[PDB]
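A single chain, nothing else alongside it, follows as structure tokens in the form solved without adenosine-5'-triphosphate (ATP).
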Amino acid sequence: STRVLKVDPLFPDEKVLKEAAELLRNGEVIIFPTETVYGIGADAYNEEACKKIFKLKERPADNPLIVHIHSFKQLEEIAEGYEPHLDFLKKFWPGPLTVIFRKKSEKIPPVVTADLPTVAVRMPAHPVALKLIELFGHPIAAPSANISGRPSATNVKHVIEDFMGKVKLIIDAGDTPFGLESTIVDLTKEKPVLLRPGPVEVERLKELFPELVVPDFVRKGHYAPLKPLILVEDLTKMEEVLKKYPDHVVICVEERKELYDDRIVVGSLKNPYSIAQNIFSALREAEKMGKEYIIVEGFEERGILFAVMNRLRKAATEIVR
């Protein structure tokens, strides 16, 4: 019997946060906003609670949970060997970045870190998350709030679709600012590795880390709607695809809305952050509409659209080069 409690994103009612914190203490799972996507969270020091997360999501035990912290002091407790990167961290945290470090903490059980010697750590730039973590008094382990294979929840409607009646409490602070999961950068190797593109853009990371490695899986793509997804990187074949795949809805930019019959305008090329903010909602809207095929325009592999394309690639049933 799920409670949905709305809070202001800037100055949330601390009485609501206290209630969430009490649930966390009881080893319960809750859902809460961040600046990236909604999180489904539990006490990071509680094995049995974090196991519930994997179950609710239907997630493989080998995929570790990101551990959310509110301070640099907490970092010192849970990770080691990051001291050379402190300048970097202080430039991007709090913020839409997860970093991989060597695990130090004894309190975070294997289940959270998937038995790995590393820990994924994020300090979220969202007052609700920060205040919740601080008030609760432990780090929170939290992947995105969605059934695995479905698009990451960027608002409470999506969370309800996936989890109503499955968790005691959802904190609603509206649509998430970015709409996309945090950039993940691994810093435990000779050269830093990008494991997931996000709001901290590749171009910016390459400025700070000239030797940044971008593995094949990142460039070549999980996040999927319930109807076959056709991603069209070559927009010359757009004409051909529409006819090939007949029973269709389109997701397209503002600047080409007029070129289609039934089309969700995800956002404009002029403000690509709009596209990122809305892409997952668009996937969820499109699946509900009464069409057999979801057809999505591809975007530049640059800036935030890099991350968008990464997500669309991992979701597509067919890509059209």
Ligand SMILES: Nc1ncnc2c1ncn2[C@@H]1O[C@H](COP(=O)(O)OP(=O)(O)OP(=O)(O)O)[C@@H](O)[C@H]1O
Second form
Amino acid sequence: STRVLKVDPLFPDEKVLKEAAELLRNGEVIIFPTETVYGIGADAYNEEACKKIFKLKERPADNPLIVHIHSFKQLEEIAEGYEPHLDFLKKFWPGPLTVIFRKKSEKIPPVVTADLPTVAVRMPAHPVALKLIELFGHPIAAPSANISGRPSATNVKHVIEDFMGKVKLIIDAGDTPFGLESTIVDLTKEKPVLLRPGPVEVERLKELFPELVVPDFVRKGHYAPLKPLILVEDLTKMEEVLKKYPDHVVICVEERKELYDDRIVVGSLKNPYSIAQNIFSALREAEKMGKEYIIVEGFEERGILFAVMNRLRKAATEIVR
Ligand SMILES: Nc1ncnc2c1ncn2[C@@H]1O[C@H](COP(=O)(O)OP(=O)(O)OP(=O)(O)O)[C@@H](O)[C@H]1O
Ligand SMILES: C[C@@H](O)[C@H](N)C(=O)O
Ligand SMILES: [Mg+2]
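Now show me the form solved in complex with adenosine-5'-triphosphate (ATP), since the one above was the form solved without adenosine-5'-triphosphate (ATP).
Below is the entire complex, every chain and molecule, led by the chain shown above.
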């Protein structure tokens, strides 16, 4: 029996956050916005409560949870060996960055980290998330707000498709600013490793970390619509793809919109952050539009479109290179 409470993203009503904090203290799961995607969270120090996240998501046990913190003092309670990277953390936090550290053990139970010695920490640059964590008093473990394998929720309409009647409370702060999950950098090995591309762009990370490792699984083929996804890297095969796949809807850009039948304009190449903001919404609009096949234009493997292509490659049923 779900409550949806609208709050301002800048100065949220602290009475709405106290109610969410109370539900977290009772070991309940709630949904809250961040600058990236909506989160489905619980008390990171509550084993049983975090287990409910796994069940609500329909999620495998061996997939660990990102712990959300509000302060550098909380980092010190949960992680160790970060001291040589504090300059870097202080430069990107709060913000759309998740880092892997060696766990300080103590209170973040094994279920949160899938029995791993590492923990993924994020200090989100969203006043609602920051003020909820500070008021609750404990860090929040939160995957993206979606059924496991589905596109990450970027607004309350999507949360509701996935979770109406399953959680007591959804905080609504509207459309998430970025539409894409946080960059994930692992800092626990000889050289830093990019595990997930996001709003902290690869190009920026390569400027700071010349020796950054970007693994094959990041550049090659979660986030899946209900109808089969055809990704077209080579846009000269677009004329040919549309034919091989008759019952189609297209997702294209503003500049190529007037060149298709049933088409959803995800955004413009003039403003590529608009593409990243709306891509997940586009998969959800498209799967509803009652066509057999969803057909997506590829983008430049550069800037934020790098992260978009990363998401669409893992979504795709076929990639047309
Ligand atoms: N300690 C860790 N070491 C490495 N990767 C981690 C660690 N903790 C979390 N991660 C990764 O961070 C990501 C968090 O994303 P999220 O929880 O939204 O799940 P997901 O993989 O997108 O699956 P779903 O479809 O269920 O949302 C996962 O890929 C998870 O494995
Ligand atoms: C919920 C949101 O913070 C997500 N886990 C991310 O890392 O972007
Ligand atoms: Mg996810």
